[PDB]
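Shown here is one chain on its own, the form deposited in one PDB entry, set out as structure tokens.
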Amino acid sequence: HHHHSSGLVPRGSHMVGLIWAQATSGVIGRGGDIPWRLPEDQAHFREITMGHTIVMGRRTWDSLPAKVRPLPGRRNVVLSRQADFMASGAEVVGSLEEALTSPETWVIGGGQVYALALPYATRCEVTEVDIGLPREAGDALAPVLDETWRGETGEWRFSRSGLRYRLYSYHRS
């Protein structure tokens, strides 16, 4: 069965969304990359963010596959404290306040930027990957979401590869 979910979330004059994929342990990144491959999550990330402003930390920009840098179809905003940073086809901003000026914004990583943006977020789109990768020194980590967050939990699904995952759609006022 499909998680008979409404999939509806009202919005106000500002919508700040966070979107990430995490292992059970909260690991989201390692060695400059994501330590699994999940086609359905790539498709999910693309469909949620298409047509919107996306905000990412400089290390997440570095981690994009060079052929989809900038991510097409989205206004790419890179957060860096390097005034001279070269992000061809994107814009570089020096502060989170300026990065979140678009009326709709999806924060797409990484660990540092999720943490700083979480107080302003009203949606979290989380892919939980059922992989038992323990946290290691240097890992990038997903935020811990408290009980101000509410929403819907999807059913477990298998990718054709056999990797198991599920989608959480969280929101708050």
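Whichever C-alpha set is largest while still superposing within 1.5 Å between the two forms counts as the rigid core. Positions refer to the first chain, counted from 1. First, how it differs from the form deposited in another entry.
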Second form
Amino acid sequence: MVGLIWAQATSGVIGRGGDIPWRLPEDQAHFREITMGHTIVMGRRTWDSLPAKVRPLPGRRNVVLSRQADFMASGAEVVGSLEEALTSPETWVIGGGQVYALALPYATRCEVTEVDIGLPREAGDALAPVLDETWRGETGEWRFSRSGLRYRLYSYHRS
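What's the form deposited in another entry like, now that we've got the form deposited in one PDB entry?
Lone chain follows.
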């Protein structure tokens, strides 16, 4: 099982300037619960976005994708191809935009948080992948985050 998990603005933006232009504690907790205990695969730029004092993310096999053969990610595995990372029963690809595009053919689940923030797409933004018509989606109700933004969870599946 390879799943993708991301939070997006309604427009599809997931990242800007190498970081994320929101933070919903409830989404962070949802992310932690879904990934805990499993492999998490991230692109090198997403690894770089984590402060050194919080990485590796605890309780998970942290894997970082890079073309740099000597890139060191203390507390993680660095691999040069996505396929090397998919050896555990449950693997979560946790971003960013480039890595979702590479991982989509291997994926059968997407856990998507939609953040009700009006954020038009800009050059250089990281975006959510486009899910075609092979994917079945299930939508939750809109909820209010303590951060002031509404959000809702989608669970997409395919065989």
